[PDB]
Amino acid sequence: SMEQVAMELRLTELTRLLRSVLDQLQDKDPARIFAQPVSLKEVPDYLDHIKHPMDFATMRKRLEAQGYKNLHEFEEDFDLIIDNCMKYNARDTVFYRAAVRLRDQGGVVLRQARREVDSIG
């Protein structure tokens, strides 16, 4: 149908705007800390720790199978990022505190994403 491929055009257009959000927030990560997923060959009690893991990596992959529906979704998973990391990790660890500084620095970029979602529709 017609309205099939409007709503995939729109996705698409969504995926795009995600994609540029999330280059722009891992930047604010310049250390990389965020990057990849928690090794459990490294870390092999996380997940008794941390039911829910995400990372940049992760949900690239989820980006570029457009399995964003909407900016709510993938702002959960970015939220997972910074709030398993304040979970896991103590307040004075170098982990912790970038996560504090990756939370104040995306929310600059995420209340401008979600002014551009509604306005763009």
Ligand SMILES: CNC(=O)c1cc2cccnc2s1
The other form holds:
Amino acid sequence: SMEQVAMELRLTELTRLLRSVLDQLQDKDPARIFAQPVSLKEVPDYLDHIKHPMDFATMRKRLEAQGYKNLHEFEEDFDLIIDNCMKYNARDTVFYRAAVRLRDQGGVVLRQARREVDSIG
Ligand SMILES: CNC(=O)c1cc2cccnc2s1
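So that was the form solved without the ligand. Now I'd like the form deposited with the ligand bound, please.
Complete assembly follows, chain above in first position.
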């Protein structure tokens, strides 16, 4: 149907917008602390603490599979990256502090993304 194609075009475009957001958010992590899953080889007990791990590579995988249906689902995953890190790591660590900075600097990007999604539809 022509309708299904139109939906696919929108989802493709949402994916295009979300890819730009993802790139902008990952740019705020030059230390690449959040680039990859927390290694279960280095942190064997990680899953005893964190029940839903997340990272930018995992987000990117879901993104290119067009697995984000709206901005809210994308934001939930971003929030997981930050919130997991701020629970697993203590307040006076490079890890916790990086998450705080990512959350603060990411808010600006996400603020405009929300306006743009509504605006463009
Ligand atoms: C977002 N990253 C993290 O939360 C952590 C990474 C590592 C690496 C070695 C030991 N502990 C940790 S905790």
